[PDB]
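Submitted below is the structure of interest, expressed as structure tokens.
What follows is an incomplete set of chains from the complex, kept in their original frame.
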């Protein structure tokens, strides 16, 4: 089973003119590795993959992979709407030394099933890396159903997991039963902080979630506690993760909220975000603060 | 805080010709009281309130109240689309000795907000009983938003709780913060089994959920365990409740599934259901069995 445990969708730190902030992004990466995370996921939703051009994503992936220097497994998110671009980026990910790619379904056209299976097969056939599907229906307008994920895992041996980004116990549970029942080492990670504990208890594999950026100790210690069999301690950490997603309500996109939380939790990085995200206002920054304080995270 | 803890939406046992089965529905009630539940909810969704005429619901409520004989608090579900009928049934609930009513938003027309607030105020003003709101958007097509529930609790002192029926941690959490933050003794119960533990850990009040019919020990012991501070034991029970809602996938309406589960778990009652529900087929009955067995419930 590949890419299990706590794997944060790392934020891409930018300068004020919108270029990659190498020192900042590097410090972030080093904090998270130091925190004990089980991998790193660059150019996810929170990574602002969809506000970036192709060449920029290449640059960011290459840098990110380099700085990690194989200390933990790296995942590059290579998806989008342009299928050829997905292949290009996916192969580049491979050449640049990534351990795997994370591919979302195309999100402008909601593609026929035949075409969706065709698309995921083509991108899977373009690399020899393990490939993680990415479901996020709230944003895509098209759900990767458990049945269809099972069709994809049945078709290609390199389709070996999924980040399931949905506030739904039923989708997580059904994903686990349908897909892991057919493919026991196929990996199921939830996309939201408040579903980690549940995902574990359902027979799933972990979380890729935003709180990994500014508070990875909480998810890392939950996982460690669960693995040591100490469920009580694990549910205690869970109690914090249940509360954390209130902050994501402060803006849309909440990519700015995450960065501001990194700062407030002790890592001073530029919080610049790419449009059409925008700087979080001081009132809401302050409201974010009281929240992090309330939960004993700063 | 009224109507906290484990309060099952009790199944209405029917004869083959569709009349109330007094011996069966009585035995069911007695099992649940014996199991240690904290109240009983008749004529909920699972109670088949919406396949029943007015006079039948009256008869069922009266019988149900009488059999309970004040051993636990009783809630009568009195809602529907016909507002006058809701008042009638709500007052009758009162005369018949109910401890409270449970009122869903009208579910054919999606009511303007002005009318929805007006409707709930008029029903609340028709009784001196405590009143529970009932959110179930999947079926109603209109969500009782935390903000709006807070407007209702602000308006009427007898609107003192909610059964929130949705597979969503965000709605439960937002419901607790918005409404309980403004009204600390306002009751928040979840409508699904897999959300009980989470509901508790979020500062909510319990569950009204189907598994209370055929497996109330699980929810009752979870609650007891959590109240005694033993979180580990409580999460263990939670592990079973995470799995239970698979069975509700076997039919729609799954009212039949619940009854069949009552039987399989040791209480031999007629499983007749009112159309347009229908008898569960033997294959799926058998699939329900293996599931209950897998989970150590029969």
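Points to keep in mind about this one:
Note that the chains take the letters A and B in the order they are written out, and that residue 1 is the start of every chain.
Definition applied: a contact is a pair of C-beta atoms (placed from the backbone, for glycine too) under 8 Å apart; a residue touches a chain by one contact, two chains touch by 3 or more.
Whole-complex tally (this structure file, single sequence, 2 chains shown): 4 copies.
In this text, only the chains that are shown with their structure count from here on.
Chain A and chain B, compared by their mean Cα positions, are separated by 36 Å. Put simply, chain A touches chain B in their complex at residues 167-170, 173-174, 177, 192, 194-195, 197-198, 201-202, 230-232, 234-236, 238-239, 242-243, 245-246.
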